[PDB]
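> Using the hints, position chain A with the ligand against chain B.
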Amino acid sequence: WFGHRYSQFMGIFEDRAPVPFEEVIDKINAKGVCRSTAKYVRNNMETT
Amino acid sequence: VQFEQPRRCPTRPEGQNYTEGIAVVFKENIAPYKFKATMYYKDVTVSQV
Ligand code: NA
Numbered sequence: 174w175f176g177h178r179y180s181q182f183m184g185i186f187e188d189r190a191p192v193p194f195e196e197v198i199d200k201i202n203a204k205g206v207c208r209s210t211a212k213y214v215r216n217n218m219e220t221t
Numbered sequence: 125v126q127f128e129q130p131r132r133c134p135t136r137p138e139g140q141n142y143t144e145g146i147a148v149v150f151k152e153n154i155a156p157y158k159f160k161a162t163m164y165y166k167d168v169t170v171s172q173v
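First to last, the protein sequences are chains B and A. 174 is the number of the first residue of the first sequence in the authors' numbering; add one for each residue after it. 125 is the number of the first residue of the second sequence in the authors' numbering; add one for each residue after it.
Just chain B, with the same shape it has in the complex:
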């Protein structure tokens, strides 16, 4: 929340997302890179 002369965290949602198998093989192990996006199933929903 951006108030006048101050900013405050209304919330901080912190999650740990698994890296998909194809990203571990093709990106991390082959090129040493990760996608900047996290696409995973959390709480029976696909979240990106």
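No lab work stands behind these hints, which were simulated from the structure alone. All C-beta atoms in this analysis are idealised placements derived from N, C-alpha and C, irrespective of residue type, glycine included. Just so you know, not all the hints are guaranteed correct.
Claimed, not checked - If we take Cβ atoms under 10 Å as the criterion, some of the chain A residues that face chain B in the derived model are:
# : residue
1 : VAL168
2 : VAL170
3 : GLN172
Relative to the frame of chain B, chain A with the ligand by itself:
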């Protein structure tokens, strides 16, 4: 035949010499070092209702 003459008898041991003294036996320290601290913080709670 003759009788065997007296044998050389064994000798009692001299006996272990002992030094008297005072002792302190020390062991490896496994107890953590302990001290007193004070934590100053603030519980911040933002409730969205
Ligand atoms: Na004799």
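> The structure should be examined with respect to each hint, and the outcome stated for every one.
Tested hints:
1. Taking 10 Å as the C-beta cut-off, the interface hint given for A:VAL168 holds, the closest approach to chain B being about 8 Å.
2. Satisfaction of the interface hint for A:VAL170 is found here, the shortest Cβ-Cβ separation to chain B being roughly 5 Å, below the 10 Å cut-off.
3. The beta carbon of A:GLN172 is positioned within 10 Å of a beta carbon in chain B (closest approach about 7 Å), and the interface hint is therefore held.
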